[PDB]
Structure formats: structure tokens, C-alpha cells
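Here are the chains, one letter per residue:
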Amino acid sequence: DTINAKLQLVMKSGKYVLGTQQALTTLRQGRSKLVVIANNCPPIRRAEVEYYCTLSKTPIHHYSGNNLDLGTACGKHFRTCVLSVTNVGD
Amino acid sequence: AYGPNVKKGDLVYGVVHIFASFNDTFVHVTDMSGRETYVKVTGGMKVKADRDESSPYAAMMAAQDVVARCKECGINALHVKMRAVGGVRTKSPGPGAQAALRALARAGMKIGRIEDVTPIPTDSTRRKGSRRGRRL
Amino acid sequence: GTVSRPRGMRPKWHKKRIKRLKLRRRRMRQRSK
Amino acid sequence: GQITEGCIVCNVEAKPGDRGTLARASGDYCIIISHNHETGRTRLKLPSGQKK
Amino acid sequence: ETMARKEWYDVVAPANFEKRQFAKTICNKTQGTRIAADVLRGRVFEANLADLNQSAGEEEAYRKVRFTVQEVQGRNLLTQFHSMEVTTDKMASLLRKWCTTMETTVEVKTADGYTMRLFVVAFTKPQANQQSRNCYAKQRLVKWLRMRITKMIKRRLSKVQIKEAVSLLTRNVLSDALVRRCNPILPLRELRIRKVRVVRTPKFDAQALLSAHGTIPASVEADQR
Amino acid sequence: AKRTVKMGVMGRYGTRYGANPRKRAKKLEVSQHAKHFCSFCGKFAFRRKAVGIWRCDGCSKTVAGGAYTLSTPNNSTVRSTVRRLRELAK
Amino acid sequence: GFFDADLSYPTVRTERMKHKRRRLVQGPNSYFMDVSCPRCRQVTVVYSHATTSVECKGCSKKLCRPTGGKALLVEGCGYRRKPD
Amino acid sequence: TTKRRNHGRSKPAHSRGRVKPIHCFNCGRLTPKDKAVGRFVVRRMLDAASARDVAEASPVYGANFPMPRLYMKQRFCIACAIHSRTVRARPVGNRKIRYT
RNA sequence: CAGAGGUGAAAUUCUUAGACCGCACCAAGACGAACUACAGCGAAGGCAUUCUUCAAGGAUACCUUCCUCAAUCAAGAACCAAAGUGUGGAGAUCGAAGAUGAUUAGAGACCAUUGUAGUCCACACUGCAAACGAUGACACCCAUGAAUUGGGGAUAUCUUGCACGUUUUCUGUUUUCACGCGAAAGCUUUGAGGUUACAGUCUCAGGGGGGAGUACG
Ligand SMILES: [Mg+2]
Ligand SMILES: [Mg+2]
Ligand SMILES: [Mg+2]
Ligand SMILES: [Mg+2]
Ligand SMILES: [Zn+2]
Ligand SMILES: [Zn+2]
Ligand SMILES: [Zn+2]
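Protein chains in written order, with PDB author numbering: chain d, 10 to 99; chain SO, 9 to 144; chain n, 2 to 34; chain A, 105 to 156; chain SA, 22 to 246; chain o, 2 to 91; chain Sc, 2 to 85; chain Sb, 2 to 101.
Honestly, the hints are just simulated from the structure, not real lab data. For each residue, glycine too, the CB sits at the ideal point set by N, CA and C. A portion of the hints provided could be inaccurate.
[Unchecked claim] Simulated crosslink set (DSS-like; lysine-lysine; CA at most 27 Å straight-line):
| hint | chain 1 | residue 1 | chain 2 | residue 2 |
| --- | --- | --- | --- | --- |
| 1 | d | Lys-15 | Sc | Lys-63 |
| 2 | SA | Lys-118 | Sb | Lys-21 |
| 3 | SA | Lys-159 | Sb | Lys-12 |
| 4 | Sb | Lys-74 | SA | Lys-216 |
| 5 | n | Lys-34 | n | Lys-23 |
| 6 | o | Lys-3 | SA | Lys-130 |
| 7 | SO | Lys-99 | SO | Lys-54 |
| 8 | SA | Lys-184 | SA | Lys-40 |
| 9 | SA | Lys-85 | SO | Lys-118 |
| 10 | Sb | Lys-74 | SA | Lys-85 |
| 11 | d | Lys-15 | Sc | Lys-58 |
| 12 | o | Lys-50 | SA | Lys-172 |
| 13 | SA | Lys-40 | SO | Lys-15 |
| 14 | SO | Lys-99 | SA | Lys-216 |
| 15 | SA | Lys-27 | SA | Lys-184 |
| 16 | SO | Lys-99 | SA | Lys-27 |
| 17 | d | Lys-85 | d | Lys-15 |
| 18 | SA | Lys-118 | Sb | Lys-4 |
| 19 | SA | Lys-85 | SA | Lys-159 |
| 20 | SA | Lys-27 | SO | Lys-48 |
| 21 | SO | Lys-79 | SA | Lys-27 |
| 22 | SA | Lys-111 | SO | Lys-89 |
| 23 | SA | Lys-118 | Sb | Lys-74 |
| 24 | SO | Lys-136 | Sb | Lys-4 |
| 25 | SA | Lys-216 | SO | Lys-89 |
| 26 | SA | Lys-118 | Sb | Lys-36 |
[Stated by the list, open to error] Label-pair restraints from in silico Cβ distances:
| hint | chain 1 | residue 1 | chain 2 | residue 2 | range |
| --- | --- | --- | --- | --- | --- |
| 27 | Sb | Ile-98 | Sc | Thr-12 | 41 to 49 Å |
| 28 | n | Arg-25 | Sb | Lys-74 | 52 to 60 Å |
| 29 | SA | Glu-124 | Sc | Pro-11 | 21 to 29 Å |
| 30 | n | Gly-2 | o | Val-79 | 55 to 63 Å |
| 31 | SA | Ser-232 | Sb | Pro-60 | 33 to 41 Å |
| 32 | Sb | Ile-83 | o | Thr-73 | 41 to 49 Å |
| 33 | n | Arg-25 | o | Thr-73 | 31 to 39 Å |
| 34 | Sc | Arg-24 | o | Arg-85 | 55 to 63 Å |
| 35 | o | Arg-85 | n | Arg-11 | 55 to 63 Å |
| 36 | n | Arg-11 | Sb | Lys-21 | 44 to 52 Å |
| 37 | SO | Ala-57 | SA | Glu-124 | 45 to 53 Å |
| 38 | SO | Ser-132 | Sb | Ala-49 | 32 to 40 Å |
| 39 | SO | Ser-132 | Sc | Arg-24 | 53 to 61 Å |
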């Protein structure tokens, strides 16, 4: 429950992007603090995102929930595969 | 003279199973594994009427027949196992349980250890009769 | 031994009689209609 | 011989190398009952309810 | 004639027991293809522990030991431990009306490949100055006692052979250790091993059986009159 | 408005074939034509093509099984059993 | 005996054996303590019935184990009840 | 007319809904476990006279080793308990006396 | 190896083609003895082997938060022993219907040996019980001594943190004609008390016995 508790704090005071393309953009720009990935995700896409995170030395977290569960826990009404935090105020 | 090779005063042990219900009584002598049978005499083999099969007298008569044939076998001392019907039925022994044991001792046989072996269920299937029971 | 004086006949059997009567009436009305 | 007892299987060959002859119709299966290592034989319960 | 065909044999216990030849049995003589040895193997013999150990401690008189025949050697039957049980009269006299009865089942594997199942029974007791009418135990303590017993038995019995494990079950060696270590959790009136049974055995090994039996006494059943 | 009181899809049969056979077939007909949940995607996207064949509307997945529903109750028990037995093996 | 009881002015013996909400005027049961530290020797104010985690600043920070009633104090600290 | 305060059983108002039934020892009638009459019985296997003859013939059973006994828990229906003299009817004023 | 079963006594029934009995096993389906009680849990119906696991529920403790958000009910909704119904499984035990022996003037019954539906599981219906404490829900006052289940506060015994001893406390759950009430039986901090000295709040039902819970809708 700790990650669900922290994500709401980020949504209150922070900045983020949703989606693989925007997450990779923030990783290339080196303006990202944490990446979160859902448990159902194609292995190729998961492998690419983790490769970028390793190469950039960025903390990465496995959500253990569905992409629908991650989308709900984000306060949104749509499914999300990847979340990228670019500013955390808490 | 089919006994084993032992001294004249040695004790050779067997096991007797005494099954005494309220309709009959069994006197059954085996070895310590229960696989070989020496003699088996019942109370219905000594009386002529059905109502007398469970009498203490019928049980005593059956026991004396067992002792006579055991001398041929070569058996001298008998361990005793006793039981009632058990299961989901009654757990109390029949009238001939005590008479059979006493007759064996008084006939010259040595008595070893005694144990009750009535079947006892940890949990059980429903018994006969209705929920109202037997109505007399 | 556990009950007072009923009148008529055991009430459960009386109810069973009435039940059979109603079934027969239902069948007769069904045949006519 | 490598499948643990109690497992549910399909497409079973009665003789080795026949490429599958038992439990093939839709929704059907066999149950593995026991192994015997001395004789190298496995016991199965078939869809019909027979043992083989 | 029934007794024309019968030959006498002797049943021998393993070397853990002071009385080796403890029972006598009969069998058919070999006729044609019916060999007497193959029907003799596999039989189970029951005996009282007090008789085998030739003691009068009043605690061994309520235990029975069973042995299974594994090989025939002339007119001697070589056996191995099968199971041990407390007699029914003793077990039924330990139950009390206003206390808690706790039971545990433990499965352990020895070093020789033998698998055993153990059944343990324990009873609560009231303290010296207690005035309460009952002595029921709380469920949390009962579960804790069950967990400790399972840990202790699985640790001691997984490092010994089938012969040493039998030696521990007899002489009440394992029982005293359990009572001493379980009293701090709960005041125990009595703790007993009600039954121990072998549920799996390894493959037959002729040399292993001979080592367990040590020096085998001779039989005189075939000797000339 | 409702257009029917309890006949549903079976309204195409008029007064033919009997009430109990119609009621028994309706339950399987509804399931056969429903949209089922795709665990790879996270959306309700599986449709039956022919008996036993289920195709996802967005992703290119085809799955086998069920004949009138995506998964039969016996198959879930088999899945849990297989997973536990493999967990013992490994 | 031989002495009556005034409901308005009860005795100390009777008033002490009462639930906190059954007294003439209800009031708290808890208090505050000044607590030292193991091998650190700092000062912290701790509630007598604390249920959250109370930690020493700049130290091992393990004290005040919570229970179903009063909290337990680790043996490495000295405690003193504060007034009022 | 209510005859007994406890209604002949051991189930007060706000305690329990249902108690599992058991079979009577003699007739087999099903009755709730809290209503059946229960006794514990510890009877000698043999009578006093016959015990002496068996003890004389026994190398095991002497004076410092007693013979085994039978332990049974018995529960009866109301009718079977009365006929078998286990429990008898008492005057109105004496129905309250309870032993242990 | 010569009978076993069953009964008040017997007979239907099984048995030298080996029954009954004895020992160790294998299969399948139910059930969880003794410990088990005027004990615990649940809204009621109900709930008893062990281990792992998921979401709940109550009480207790608090110098935490909030600030009237509550009580009780037509309409409307959910759950509800057993028997019974539909579709798939299962089928050990017991056993409505039925069959065969006995009792009897008769015996279709009670007794004996059997046996189909059922009894067990999944999903879908049914909505009835002496579904009883024959006692609607919420709130106040009330005599004494016990006992007992869970939590908390204060200060002798035993094992090596647990249990126990004494005294208080909150919640539950019971037992010894309290005042008083009632036609009585009886109830009594837990009311059936605090009512002609008749008013705390809401709600369901009854009005001599049948016809009848029947007829019609
Ligand atoms: Mg009820
Ligand atoms: Mg039912
Ligand atoms: Mg009759
Ligand atoms: Mg039958
Ligand atoms: Zn898809
Ligand atoms: Zn510090
Ligand atoms: Zn009875």
C-alpha cells in the first residue's frame, strides 16, 4: 500500500508523465526520478524500458498490479502501462 | 506330538480372540501374527437352540473344547484379546465374555496379558433405526 | 401426552385432507376451462 | 514417467511413439493414478471410467 | 491331518532388544511351487514392550511393538520395526473432564530413507494454588505448543538411522526432552507419544538387515528330536 | 422501451420449440455472443469465431477453449493444480 | 460503618474504585513522562498509552513498545512522571 | 404449563441456536447433545470371584499389577434413562437438587 | 473348517462353488468420538481434526479525529433448518415407495431381512417450521452473594516469557420466591417490576366458539 500512498502524494505535489513514449523521452532527457511498470506488459516493451532505466541509472518499481489497477490508482479513468515521475514534492 | 522343540516345562504362547455379542460367542486361538489359526469353537456349535447361543454355559463349554485341542497343538499359555460388536453398534460385551475367560484359566492354561480391542470410530456413519429409534 | 384436547382429528392430517381437496378442485376447474 | 501422480493429461499414446491416441475429443482428459518403477508402467483413469 | 504339514519357526527381534527370540509360529511345508519362504515374508508380529526389555518399570507394560518379517534364514525369521502403540486401557484413563486435550501429527524422514508418522497427546494441568474450576488453555498457546513439538521432533529424528530412532522412542528418551521444553509454554500434566508408524521404507538391502541384527542366535527347530 | 418480457434473443423463434428448451439454449447463446475479458490487454475484447476459438479485437491474439464461454470451470482447477505441482517440483 | 455517605462529597476509597467515566466528574487516566535513552542520554516526552512508534532523535531510536494498554519502556532508559 | 425453567435442556435464551444430535445408547433415538443424560462408566472387566481364578493362573497379574478396566461415555434419551433406572421422577419441590 | 445372522421366540437371508471368524493391506463415499459444558462465535437459519491462505466482526485501551450525522417503520430489498423441484456429478451408510418373513380375529403398522427416490457436491428455484425465550426494537432506575468468557489497571505460587494468587474495572453469559407484580403457574439488576397514584419514543397483531385460512378474485 506504500506505493499507492506515495503516488497520490506525487499527484498532489509533483509532476509525471503517462505512457511508454513520454517515459522514454524523459529518460533520454535525464529528467526522471522513478519509473513504475505494471505486471501485465509485453516482455519486449518491458525489456526495453528496463534497459533504458539501467543505462540511465534510474530507480524502477514493479507495481504487482494490472495496468487497469495502475490506471485506477493514478486517479485516472484509463489504463496505464508505465508511469514516470519527473518531480516529487513530499 | 506336533509341538515344537522345547523343554518339558517351557511356556509356548498363543493368542485367543474372544468375540462375545448378544447372539453368539467366539473362541478363536491364533499365533502372535494372527495369520495362522489353531482352533476355533463357537457357542452355536455346542447347543441345539438359537436362544441359548449366547448363554454363559454355552461359552464355557466352547472353551473346554479349545483347551483339549490346544494340548495336541503344543500351546501352553494364551494372551487374551476381547471385543464387543463395536462400530456404530453397542460397545458393551455379551454375557459369555467372562465365562469363556474363566473356563480357560480353570482348565489349566496360563494367562498372559489382557486387552480390549472393540472397534471405536473417531467419526461414524449413521446407524440403523430411524431418528425415532427402535419402537417396542 | 404433550398436548391439550384437539377436537376433530390430528390437525396435521386435517390439513392434509384439505390440501388434497384443493388439488382435486383445481384439477376439475382446469378441465372445465 | 516424469509427470507427478494426480496430474491431468491429454493426447496420451497407448504405446510409445504412436503420436497420441487417447483423450482427444473436446473437453476430455485422463488422470494419472500411480507409477511402478520395478516394471516401468503407469496407471491411468480414462474418460470412460476404465483403468489402463 | 491339519498338523501333519506344519513346521515350527522362530521370530527374532533386532539387537536393540534384550530378548531376541520372542515368539514361535507355524507354517506349511514347501510343496511343489508353493515355497514356504515367500509366504512367510511380510508378516507382522505384535509383542508387549515389557516382555522384550525384561524390565518392570510399569511404563513399558502399556506399550506394544510390531515387527515385520523381511527374510527367512533356516528356521529363523529376521524382522524390522513396524510400529509402536499405547494400549487402549492406558490411553482411555488419561482423559479428564475439565481440561484441554491437544494433539499433534508429525511426519519425519530418517537418514536411511524411512518415513514415520508420529502422534503426540498432551494435557493441561492446574497450578498448585489455583482455585478456578477449569484449566482450559487459550488457542494461541495451543498452536505455539504444536509448532514447537513439530520443530523438535523433525530436528532430532532427521539425523539418526532407523535403529537409533527406535532406541529413542523406546526408553522414553525423546519424551522427557519434549516435556522439559514445553512446560514453560503451558503447565502440562502429561505428554505422551500415542502412536508411531512407518509409512514408507527404502529398497531391501541384505547387508543393512544383517548389520542391524548383530549376532543371530541359532534355532533348534530342525534338530533331530 | 424493453421490447420483450423475458424472451430476449430467443424472440427470433416465435412460438416454436417449447419453453424449457428455449430457456436452456438462451443462457449459452448470450455467453456465446458476449465480449469477454482479455488478460493480456486489460480490456473486454475477446469474441468467439467458431466453436472453441476466441479472437481479440485489438491485439492479434487467438486463444483456444470453452465452446460457449472463454474459460470452463474445470480448466481453472487444472491450472491451479498444475501450478502448485510444478511449485513442488521446482 | 456507623458513617453515612454523601453523594455530593464521596470518600477517597470509593472514588478510587471507579471507571473514569463513572466518577462524579469524568477525567483522563493517562499522563506524560520524561524519558532518557540507551547509550545516548537525551530527553523526550512520551505518552503513557502511546501506540505509534516513538523514536530517539539521532540514535538507535527504538523505545516505547506498544501494547493493549500502557506502553512498555525499554530497560536502557530512565523515566519520570511529569506534573499536572 | 411450563414444567421446568430450563425446559429440560441446557440451552438458555441468548446462548445458542442449534446443538448437534447424538444417538441414544440403547434405542438409537436422535436427541440434542445438551439434553441427553450423560454418564461416565469405569467398570471392572471381571467380577470379583472370577478375577481371583484368572489372577492365580496369570504370571503377569498378581498383587502389584492390576487388571485393565473398561472406560465408556454413555448418553441416553429421556425414555431410556427412566426405564433403565438411571434417572427417576422426583416430587415438585425436589426437582431442583443438582449433584456433580 | 460347520455353521453364521436375527428375535420375546422364529422365519425370510448367507454358506464345503468355503460363510462367520483372524492378520496386514487396497478402493470409494460420508463423518470429525472421548475432551464437550445450564462454555464460545453468528442478524436469524446455523457453526467442532491439522496446516497454509483471503476479506471481515466484536470487546477493551486512548488527554486521537469529527460535531447531531440519531431511534423506529407502510412501499421497496437481501438472507433463511428439513422436506421438495430442474440440469450435471456421486452413490459407502441409512432409507419414504415397493417386496419378503413374522405378530394378530384383521395388521395394510409397530419387530426382522432388504430396497427405489433421496441422503452428499456444483449451479438455478421454493420461502415454509413448536423458524420458541410460544416474551418486537431503542433508552432510564433497580437488593445480595456466587460462578464463568474476553480485555485492561494495582500489588503471593510455579516453570524457565508463560500460567496462577488477592483486589478493582468495562463487555458478555448464567444460578441462588429481592422490593414489587400477577388469576395462578410463575417473573424479578437478566422483568412479566417502577400502571385506576393509569402519559419516555416508534412499530406489528387481537376483539366468544365454529364454518375457515375455506370460496371468489
Ligand atoms: Mg431452532
Ligand atoms: Mg435438502
Ligand atoms: Mg411385532
Ligand atoms: Mg438396510
Ligand atoms: Zn487482447
Ligand atoms: Zn539516543
Ligand atoms: Zn433411548
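Hints versus structure:
In summary, the hint linking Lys-15(d) to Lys-63(Sc) is supported, as the alpha carbons are separated by about 25 Å, within the 27 Å threshold. With a C-alpha separation of about 20 Å, the suggested pair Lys-118(SA) and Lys-21(Sb) falls inside the 27 Å cut-off, and the hint holds. Under the criterion of a C-alpha separation no larger than 27 Å, the hint pairing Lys-159(SA) with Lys-12(Sb) is consistent with the structure, at around 24 Å. A distance of roughly 23 Å separates the Cα atoms of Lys-74(Sb) and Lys-216(SA); the hinted pair therefore holds under the 27 Å criterion.
Only pairs whose Cα atoms come within 27 Å are accepted, and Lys-34(n) paired with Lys-23(n) is accepted, the gap being roughly 16 Å. Proposed proximity of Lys-3(o) and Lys-130(SA) is contradicted: the alpha carbons are some 69 Å apart, above 27 Å. For the hint linking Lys-99(SO) to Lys-54(SO), the alpha-carbon distance of about 26 Å falls within 27 Å, and the restraint holds. A distance of roughly 16 Å separates the Cα atoms of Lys-184(SA) and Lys-40(SA); the hinted pair therefore holds under the 27 Å criterion.
Of the pairs offered as hints, the one joining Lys-85(SA) and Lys-118(SO) holds, with about 20 Å between alpha carbons and a cut-off of 27 Å not exceeded. Among the hinted pairs, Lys-74(Sb) with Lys-85(SA) is consistent with the structure: their alpha-carbon atoms are about 25 Å apart, no more than 27 Å. For the given pair, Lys-15(d) sits about 24 Å from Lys-58(Sc) by alpha-carbon distance, which is consistent with the 27 Å threshold. For the hint linking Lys-50(o) to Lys-172(SA), the alpha-carbon distance of about 57 Å lies beyond 27 Å, and the restraint is violated.
For the given pair, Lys-40(SA) sits about 18 Å from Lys-15(SO) by alpha-carbon distance, which is consistent with the 27 Å threshold. The suggested pairing of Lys-99(SO) with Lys-216(SA) holds, with an alpha-carbon distance near 23 Å, which does not exceed 27 Å. The suggested pairing of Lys-27(SA) with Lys-184(SA) is violated, with an alpha-carbon distance near 33 Å, which exceeds 27 Å. For the hint pairing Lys-99(SO) with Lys-27(SA), the CA-to-CA distance comes to about 37 Å; that exceeds 27 Å, so the pair is violated.
At roughly 16 Å between alpha-carbon atoms, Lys-85(d) and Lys-15(d) fall within 27 Å of each other, so this suggested pair holds. For the suggested pair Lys-118(SA) and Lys-4(Sb), the alpha carbons sit about 30 Å apart, so the restraint of at most 27 Å is broken. Between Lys-85(SA) and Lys-159(SA), the direct Cα distance comes to roughly 34 Å. Violation of the 27 Å bound is thereby established for this hinted pair. Restraint check for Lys-27(SA) and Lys-48(SO): the C-alpha separation of about 17 Å stays at or below 27 Å, so the hint holds.
For the given pair, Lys-79(SO) sits about 15 Å from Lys-27(SA) by alpha-carbon distance, which is consistent with the 27 Å threshold. For the suggested pair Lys-111(SA) and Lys-89(SO), the alpha carbons sit about 15 Å apart, so the restraint of at most 27 Å is met. Restraint check for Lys-118(SA) and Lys-74(Sb): satisfied, since their Cα atoms lie roughly 11 Å apart, inside the 27 Å limit. A hinted pair counts as satisfied when its Cα atoms are at most 27 Å apart, and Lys-136(SO) with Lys-4(Sb) does not qualify at roughly 33 Å.
About 19 Å separates the Cα atoms of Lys-216(SA) and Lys-89(SO), which keeps this hinted pair within 27 Å; it holds. Taking the CA atoms of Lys-118(SA) and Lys-36(Sb), the gap is about 18 Å. The hint holds against a cut of 27 Å. The hinted window of 41 to 49 Å between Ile-98(Sb) and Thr-12(Sc) holds, with their beta carbons roughly 44 Å apart. For the pair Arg-25(n) and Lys-74(Sb), the beta carbons lie near 54 Å from each other, so the given range of 52 to 60 Å is met.
Under the hint 21 to 29 Å, the C-beta atoms of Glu-124(SA) and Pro-11(Sc), about 54 Å apart, miss the expected range. Range check, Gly-2(n) to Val-79(o): Cβ separation about 60 Å, and the 55 to 63 Å hint holds. In this structure the hint that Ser-232(SA) and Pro-60(Sb) lie 33 to 41 Å apart at CB holds, the actual value being about 35 Å. Against the hinted window of 41 to 49 Å, the Cβ-Cβ separation of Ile-83(Sb) and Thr-73(o) comes to about 59 Å, which falls outside the hint.
The given range of 31 to 39 Å is broken by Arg-25(n) and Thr-73(o), whose C-beta atoms sit roughly 48 Å from each other. Here the CB-CB span from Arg-24(Sc) to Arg-85(o) is close to 60 Å, well matched to the stated 55 to 63 Å. Between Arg-85(o) and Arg-11(n) the beta carbon distance is about 58 Å. The supplied range of 55 to 63 Å therefore holds. Range check, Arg-11(n) to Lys-21(Sb): about 30 Å between beta-carbon atoms, so the 44 to 52 Å window is missed.
Taken as a hint, the range 45 to 53 Å holds for the pair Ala-57(SO) and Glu-124(SA), whose Cβ atoms sit roughly 49 Å apart. The given range of 32 to 40 Å is respected by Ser-132(SO) and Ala-49(Sb), whose C-beta atoms sit roughly 34 Å from each other. As the Cβ distance of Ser-132(SO) to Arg-24(Sc) is approximately 59 Å, the hint placing it in 53 to 61 Å holds.
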